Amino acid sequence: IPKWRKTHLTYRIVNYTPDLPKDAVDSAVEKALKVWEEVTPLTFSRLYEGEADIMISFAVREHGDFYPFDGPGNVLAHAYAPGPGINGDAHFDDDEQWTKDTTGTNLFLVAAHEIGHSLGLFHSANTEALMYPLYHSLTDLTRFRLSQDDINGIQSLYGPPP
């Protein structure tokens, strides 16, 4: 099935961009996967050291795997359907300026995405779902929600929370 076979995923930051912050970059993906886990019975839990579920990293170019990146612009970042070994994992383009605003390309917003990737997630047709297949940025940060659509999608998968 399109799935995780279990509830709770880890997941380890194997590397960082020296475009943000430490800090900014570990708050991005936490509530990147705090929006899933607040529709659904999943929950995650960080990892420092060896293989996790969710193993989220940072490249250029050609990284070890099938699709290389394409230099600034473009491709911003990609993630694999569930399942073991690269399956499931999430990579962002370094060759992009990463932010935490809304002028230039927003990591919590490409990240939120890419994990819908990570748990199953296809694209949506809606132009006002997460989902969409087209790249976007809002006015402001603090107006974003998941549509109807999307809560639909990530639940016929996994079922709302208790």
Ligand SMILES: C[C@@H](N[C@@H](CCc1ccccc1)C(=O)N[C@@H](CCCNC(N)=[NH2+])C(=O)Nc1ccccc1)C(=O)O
The other form holds:
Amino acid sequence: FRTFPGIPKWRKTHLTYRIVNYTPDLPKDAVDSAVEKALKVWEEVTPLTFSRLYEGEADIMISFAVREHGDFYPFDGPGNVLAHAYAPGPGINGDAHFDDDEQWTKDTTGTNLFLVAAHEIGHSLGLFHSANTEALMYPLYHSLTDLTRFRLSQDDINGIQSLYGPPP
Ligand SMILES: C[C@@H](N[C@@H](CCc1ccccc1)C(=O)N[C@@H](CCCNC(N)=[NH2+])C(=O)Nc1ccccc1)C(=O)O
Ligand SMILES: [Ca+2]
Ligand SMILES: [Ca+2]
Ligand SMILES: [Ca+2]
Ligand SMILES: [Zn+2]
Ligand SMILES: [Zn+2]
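Having seen the form solved without the ligand, the form deposited with the ligand bound:
Everything in the complex follows now, all chains and molecules, and the chain you saw is the first one.
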């Protein structure tokens, strides 16, 4: 696995997130679930905990957008870049943005929001890209035949634990 240069990481174990807005593709509940599951993935292997906020600034601000969306990294329309997030830190750092120009499905027929959310969150916590192809943190998304066979690789776990340690 690889972490970001300088090894930036949250200096606290309890992070707040806030789904700023939703995609029209899925009902609010399918979106909420996808992100709770997303975070749960990391919560299970570290001493990290998360609480949701509806107002103000959360550590991880989550939102769906297209093309120019208020940052130095515009989305590219359909395909290619699906979403992007920022390594741990203040302000925009830690936030995750999802290209709403994709078709967010809750399965593998389009772009699965659960998986993408899971990968991007890996970035919000300090994990960069892995060279292992079976690792969630691998550079490219790929159509999983099964969402029921998904699990973090020992690599993704090794990495997150090297940063926040194992769960107490
Ligand atoms: C770029 C950004 N977002 C990635 C997430 C990919 C991912 C991996 C594993 C699970 C879920 C999601 C992203 O959007 N990647 C694109 C490709 C970017 C290519 N850029 C480049 N080579 N310079 C991606 O995987 N796209 C894609 C689109 C349709 C189907 C399959 C994959 C990042 O993490 O740095
Ligand atoms: Ca933030
Ligand atoms: Ca795109
Ligand atoms: Ca969309
Ligand atoms: Zn953005
Ligand atoms: Zn990535």
